[PDB]
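Take a look at chain A:
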Amino acid sequence: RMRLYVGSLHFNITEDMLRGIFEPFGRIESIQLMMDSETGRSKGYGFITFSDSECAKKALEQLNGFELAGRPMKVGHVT
Partner candidate 1 sequence: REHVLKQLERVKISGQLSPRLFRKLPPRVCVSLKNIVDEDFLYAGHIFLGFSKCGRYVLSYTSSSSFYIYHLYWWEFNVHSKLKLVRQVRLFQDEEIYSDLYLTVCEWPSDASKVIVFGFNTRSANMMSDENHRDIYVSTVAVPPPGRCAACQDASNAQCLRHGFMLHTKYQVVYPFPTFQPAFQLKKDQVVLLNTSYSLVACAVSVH
Partner candidate 2 sequence: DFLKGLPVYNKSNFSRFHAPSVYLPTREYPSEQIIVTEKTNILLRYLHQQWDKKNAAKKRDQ
(Lines give C-alpha, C1' and ligand atoms only; values in the text may rest on other atoms or scores of the structure.)
Protein backbone atom coordinates (compact mmCIF):
# COMPACT_ATOMS: atom_id res chain seq x y z
CA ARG A 1 0.00 0.00 0.00
CA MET A 2 3.06 2.35 0.37
CA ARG A 3 6.08 2.78 -1.99
CA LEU A 4 9.39 4.52 -1.13
CA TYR A 5 12.36 5.87 -3.14
CA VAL A 6 15.86 4.81 -2.00
CA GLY A 7 18.84 6.81 -3.31
CA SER A 8 22.51 7.87 -2.83
CA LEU A 9 23.66 4.21 -2.52
CA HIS A 10 27.17 2.75 -3.00
CA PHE A 11 27.56 1.02 -6.43
CA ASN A 12 28.25 -2.38 -4.71
CA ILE A 13 25.05 -2.34 -2.51
CA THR A 14 22.93 -5.36 -3.56
CA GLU A 15 19.10 -5.87 -3.58
CA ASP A 16 19.55 -8.55 -0.81
CA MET A 17 21.41 -5.94 1.34
CA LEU A 18 18.54 -3.45 0.84
CA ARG A 19 15.97 -6.17 1.72
CA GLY A 20 17.92 -6.92 4.93
CA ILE A 21 18.15 -3.25 6.02
CA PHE A 22 14.47 -2.34 5.22
CA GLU A 23 12.68 -5.66 6.16
CA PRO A 24 12.84 -5.23 10.03
CA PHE A 25 10.51 -2.16 9.75
CA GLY A 26 7.68 -4.15 8.09
CA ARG A 27 6.55 -6.58 5.35
CA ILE A 28 7.80 -5.68 1.82
CA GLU A 29 5.78 -6.58 -1.33
CA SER A 30 8.52 -5.64 -3.89
CA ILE A 31 12.14 -4.30 -4.03
CA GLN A 32 13.66 -3.23 -7.37
CA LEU A 33 17.23 -1.87 -7.41
CA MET A 34 17.93 -0.20 -10.78
CA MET A 35 20.88 -1.75 -12.67
CA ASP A 36 22.94 -0.53 -15.66
CA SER A 37 22.50 -2.67 -18.83
CA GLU A 38 25.87 -1.38 -20.22
CA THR A 39 28.62 -2.40 -17.67
CA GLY A 40 26.48 -4.56 -15.33
CA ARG A 41 26.41 -2.67 -11.99
CA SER A 42 23.89 -0.95 -9.62
CA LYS A 43 22.73 2.59 -10.61
CA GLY A 44 22.69 3.64 -6.92
CA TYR A 45 18.89 4.05 -6.69
CA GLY A 46 15.76 1.89 -6.34
CA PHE A 47 12.20 1.40 -5.03
CA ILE A 48 10.99 -0.51 -1.91
CA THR A 49 7.21 -1.15 -1.55
CA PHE A 50 6.00 -1.82 2.05
CA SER A 51 2.68 -3.65 2.67
CA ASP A 52 1.83 -1.12 5.45
CA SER A 53 1.88 2.72 5.33
CA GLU A 54 3.01 3.28 8.99
CA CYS A 55 5.78 0.63 8.53
CA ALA A 56 7.13 2.59 5.50
CA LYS A 57 6.95 5.92 7.47
CA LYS A 58 9.22 4.59 10.30
CA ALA A 59 11.69 3.13 7.74
CA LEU A 60 12.11 6.66 6.23
CA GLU A 61 12.42 8.37 9.67
CA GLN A 62 15.19 5.92 10.79
CA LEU A 63 17.17 5.63 7.48
CA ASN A 64 16.99 9.02 5.63
CA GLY A 65 20.26 10.98 5.87
CA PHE A 66 22.16 8.11 7.56
CA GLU A 67 25.39 6.73 5.98
CA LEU A 68 25.35 3.18 4.44
CA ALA A 69 29.11 2.92 3.62
CA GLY A 70 30.24 6.57 3.55
CA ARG A 71 27.38 7.83 1.34
CA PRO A 72 24.36 9.26 3.27
CA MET A 73 21.21 7.30 2.18
CA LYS A 74 18.30 9.35 0.74
CA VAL A 75 14.88 7.76 1.50
CA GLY A 76 11.77 9.54 0.13
CA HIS A 77 8.16 9.16 -1.12
CA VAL A 78 6.53 8.84 -4.63
CA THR A 79 3.81 10.73 -6.67
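Keep in mind how these were chosen: all candidates are chains of the complex that A comes from, given by their letters.
A few remarks follow.
As a working rule, a residue touches a chain if its C-beta (ideal position, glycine included) is under 8 Å from a C-beta of that chain, and two chains touch if they have at least 3 such contacts; residues count from 1.
Set chain A beside the options 1 or 2, and in this complex the one it touches turns out to be 1.
Contacts from chain A toward candidate 1 in the complex involve residues 16-17, 19-20, 23-24, 27-29, 38-39, 51.
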